[PDB]
Each structure stands twice: as C-alpha cells, then as structure tokens.
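Visitor: Work out the full structure, taking the sequences as your base and the hints as a guide.
There are 2 protein chains.
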Amino acid sequence: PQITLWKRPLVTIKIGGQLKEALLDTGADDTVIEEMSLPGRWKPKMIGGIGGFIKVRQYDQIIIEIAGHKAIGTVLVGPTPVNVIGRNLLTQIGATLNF
Amino acid sequence: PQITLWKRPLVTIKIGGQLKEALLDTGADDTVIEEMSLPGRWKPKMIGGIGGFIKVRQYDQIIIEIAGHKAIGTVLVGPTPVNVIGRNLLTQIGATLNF
Ligand SMILES: CC(C)(C)NC(=O)[C@@H]1C[C@@H]2CCCC[C@@H]2CN1C[C@@H](O)[C@H](Cc1ccccc1)NC(=O)[C@H](CC(N)=O)NC(=O)c1ccc2ccccc2n1
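From first to last, the protein sequence lines are chains A and B.
One point on numbering: in the numbering used here, the residue at position 90 of the first sequence is 90, and numbering is uninterrupted.
One point on numbering: in the numbering used here, the residue at position 27 of the second sequence is 27, and numbering is uninterrupted.
Incorrect hints may have been included.
Pairs involving identical chains hold if they fit within one copy or between any two copies, as the list cannot separate such chains.
Here are the simulated DSS-like pairs of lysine-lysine, each with C-alpha atoms no more than 27 Å apart in a straight line [as the list claims (entries may be wrong)]: (1) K43 <-> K14; (2) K7 <-> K70; (3) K45 <-> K7; (4) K14 <-> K45; (5) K20 <-> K55; (6) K70 <-> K14; (7) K70 <-> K43; (8) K55 <-> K43; (9) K45 <-> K20; (10) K20 <-> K43; (11) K7 <-> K43; (12) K45 <-> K70; (13) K20 <-> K70.
FYI, nobody ran anything at the bench for these hints, they're computed from the structure.
Guide: Pasting the structure below:
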C-alpha cells in the first residue's frame, strides 16, 4: 500500500493478542507501545526524544503484525500517548519513504 | 528517491540560506529545527514529544529546501535534539510511505 501523509499514518497492529492503532514513524529508532501487560522477561531502558526521556520496559523477540505484515523484534513498553512503530520494525515490513 | 529505513532517513536541508542535516519523520506532525538565527517574525508556542513539552519559536511561511525539493511552511525552532522534518513539509514535497 501507499500511505499519504495528510493525516497521521495510523495502522492497525496486533501485539500480545490485542489489536491496537499505531503510528508508522520513520523518525523513531525504536518501537514504543503504550502500557500493556506483556508476558516474559524485560530489561529497563530509558529512551529520549523531544522533551526528554521516559522509562520503558524492553522486551525482545516480540511478534507484531503491522497492517497485515508480520514482524518480530524489540518492543519498548511505557507511558507513551501513541503506539509508535519505529525503524526496527518498519524495515521488516519493507517500508520506504518515497518522493 | 526511494529511502529505506535501515539507517535514519537523514537528508540535507537549506533553511535561512544555511545547510543543515534533518530527519524525514512521518511520525511528526510539525517540523522542529535546532536553535538558530532565522529571518522572520516568530511567536512563542509549545509542542510535545515523547519526553514532554518544550517551548519553541514558531516561524510561518519559511522557505526550506529538503533534499533538493522546495517547501514553504511552518518551522518550529527550539531545543530539539535532532532537526525533524514533519508531515507539514513532507506533504509539500510529495512524500509517501510505501510497503
Ligand atoms: C517532532 C514533534 C512534532 C515534537 N513530534 C514528535 O516528537 C512526535 C511525538 C509523538 C507523541 C509522543 C510519542 C512520540 C510520537 C512521535 N514523535 C515523532 C517521532 O518520530 C520522534 C521525533 C524525534 C526524533 C529524534 C529526536 C527527537 C524527536 N521520535 C522519537 O521520539 C524517537 C523515540 C525513540 N525511538 O527512542 N527518538 C529517536 O529516535 C531519537 C533519535 C536520536 C536522538 C538523539 C538524542 C536524543 C534523543 C534521540 N532520539
């Protein structure tokens, strides 16, 4: 598909057995998902952007379906107002920016 | 061009007659540039990112060249750690996300 950028590029994702809306975010190094009770071990991390840093839980090898495309990788869980799909997973679904 | 996402999608921009590096960011509503002297009238604004809200200077109708493509639009100047080109300008240069 082609997604224009007039509106936020939000898509449906499946993670941990749940459907969520998430932002396809070329400016994010990492994938950051709103607080949710994922099972398994995790590592503390701090991630930054405009306004400073937040504390998140780093989960490895998490399966996520993004707009119908399967991916597996690192997902950071913490208090974000928007679920962010970053480049670690955008590459797995073969996403490009075109102009 | 077609830009893949294994690396940050950094391009050269020209703003205020000056060359800078900036990130093409589909997740950003707005464009935020690091502190600089910029010709024009501005007004104070706040904007929020992953780590909270910051104060910025809002400059309207600023000419900016992005990877050789022209845009004229709003630029927010403030203590952003990375120059970010958001959807307000990505739409002007015809950028889309594809997968
Ligand atoms: C630019 C602005 C208009 C303020 N918009 C946003 O910031 C929106 C805010 C939304 C709601 C909060 C949750 C994030 C989303 C997406 N973001 C866009 C979004 O694309 C944002 C843009 C950005 C890039 C780099 C540095 C600063 C800001 N990316 C990020 O916040 C990601 C998050 C992460 N993966 O760790 N940050 C980075 O990838 C990143 C890269 C290099 C850096 C160097 C030093 C310090 C921090 C750095 N952070």
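Visitor: Next, verify each hint and record whether it holds.
Guide: Now the hints, each set against the structure:
Within a single copy, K43 and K14 get their C-alpha atoms as close as 22 Å, which meets the 27 Å cut-off; across copies the closest is 40 Å, which misses it. When the C-alpha separation of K7 and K70 is checked against a cutoff of 27 Å, the pair qualifies both within a copy, at 24 Å, and between copies, at 21 Å. Proximity of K45 to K7 under the C-alpha cut-off of 27 Å is restricted to the inter-copy arrangement: shortest distance 21 Å between copies versus 30 Å within a copy. Taking the shortest Cα distances, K14 and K45 sit within 27 Å of each other inside one copy (23 Å), while across copies they are farther apart (35 Å).
Taking the closest pair of Cα atoms, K20 and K55 come within 27 Å of each other only inside a single copy of the chain (21 Å); across copies the shortest separation is 30 Å, beyond that limit. Taking the shortest Cα distances, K70 and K14 sit within 27 Å of each other inside one copy (9 Å), while across copies they are farther apart (38 Å). With identical chains, the CA atoms of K70 and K43 are at most 27 Å apart within one copy only, with a shortest distance of 23 Å there and 44 Å across copies. Proximity of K55 and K43 under a CA criterion of 27 Å is satisfied intra-copy only: 10 Å inside one chain copy versus 32 Å between copies.
In this homomeric assembly, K45 and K20 come within 27 Å of each other (Cα to Cα) only inside a single copy, at 23 Å, whereas the closest approach across copies is 30 Å. For the homomeric pair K20 and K43, the shortest alpha-carbon distance inside one copy (23 Å) is at most 27 Å, but the shortest distance between copies (36 Å) is not. Taking identical chains as interchangeable, the C-alpha atoms of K7 and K43 lie at most 27 Å apart only when they sit on different chains, with a minimum of 24 Å there against 34 Å within one chain. In this assembly of identical chains, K45 and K70 lie within 27 Å of each other by CA distance solely inside one copy; the values are 25 Å within and 39 Å between copies.
In this homomeric assembly, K20 and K70 come within 27 Å of each other (Cα to Cα) only inside a single copy, at 15 Å, whereas the closest approach across copies is 36 Å.
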